[PDB]
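Undergrad: The primary structure of each chain is shown beneath.
There are 2 protein chains.
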Amino acid sequence: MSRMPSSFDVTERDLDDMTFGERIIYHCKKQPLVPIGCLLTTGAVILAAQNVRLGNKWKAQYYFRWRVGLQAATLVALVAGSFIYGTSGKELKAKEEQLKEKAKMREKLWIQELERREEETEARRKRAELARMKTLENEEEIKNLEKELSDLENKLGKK
Amino acid sequence: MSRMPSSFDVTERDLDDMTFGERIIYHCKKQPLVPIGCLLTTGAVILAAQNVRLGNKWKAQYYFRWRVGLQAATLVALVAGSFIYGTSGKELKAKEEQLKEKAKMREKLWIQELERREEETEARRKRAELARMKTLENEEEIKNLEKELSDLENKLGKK
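If you read the sequences in order, they're chains B and A.
Taking the authors' numbering, the leading residue of the first sequence gets 1, the next gets one more, and so forth.
Taking the authors' numbering, the leading residue of the second sequence gets 1, the next gets one more, and so forth.
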């Protein structure tokens, strides 16, 4: 035991970072790329599906989140085709609210279920070593890639 | 008072919430109005400023937090001059980047919150009653304000 998942700051910003990846897409619309654009769009969710495949494969009993996992999964396919359509831009803000209400509803600050004791005894070992914030690190990793867009101006040598 | 649970949750994203106020500025950047801009900027900064003013009124303890506080007040004012200047674009990005790095640098394993006997007993009552988060709840108000700005675009004749 040297270094394992120990960065547990009870922070509910997982979905916050995920939703942020959709807002940045607006900038991509301004200057869409073919070779890099495809790798950016495809590679964006490529890492999110890996984290969901690891967290799902490793379960203690049942995963109720799977239900909503598909509901939102299909939403990305409908919003992808609705983007080109151009129904309503304001709808984005209205749809965002719906998700906001789900976050508060799901979050229970009154009652919490905690029966599995053995499961806690397993994850405590990793939390007893040390962590370097993997999620946060990835957030900075994508920020660096965005800098290339602004740096491109100097790269070409026009402005 | 000892028997007065006011809630003192030590959140890691406490300052981050205030930092979000800079991100919303981009929305106003698109054709900023004088009348609405005054109440929008001043009306938003006053919320966070009030929190600092409250501590300034009644403190009589520690003089380090006040030192960094002054630096922040001058920083937010300095960026204003850069906005109207429009000389260095990447500079603005680096300015905010340094702030993020500072937070991570400050966070250390050696230096931690020294819990005293009085603090321990106070925490018990604080949690026993309830832990309210006005800073986070008030942050939600900005979402509604931003939505109004989006409507202005439609009024002009875009969507």
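I should point out that these hints are in silico values taken from the structure, not numbers from a laboratory.
Each hint should be verified, as a subset may be incorrect.
The list treats identical chains as interchangeable, and a pair is accepted whether it falls inside one copy or across any two copies.
Unchecked claim - Here are the simulated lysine-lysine pairs, DSS-like style, with alpha carbons at most 25 Å apart:
hint, residue 1, residue 2
1, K155, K95
2, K59, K108
3, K104, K30
4, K108, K95
5, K159, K90
6, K143, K155
Undergrad: Against each hint, give a clear statement of whether it holds in the structure.
TA: Going down the list of hints, with the structure as the test:
no.	hint	in the structure
1	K155 with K95	between (34 Å within a copy, 21 Å between copies)
2	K59 with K108	within (21 Å within a copy, 33 Å between copies)
3	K104 with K30	neither (32 Å within a copy, 31 Å between copies)
4	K108 with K95	within (22 Å within a copy, 38 Å between copies)
5	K159 with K90	between (31 Å within a copy, 9 Å between copies)
6	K143 with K155	within (18 Å within a copy, 33 Å between copies)
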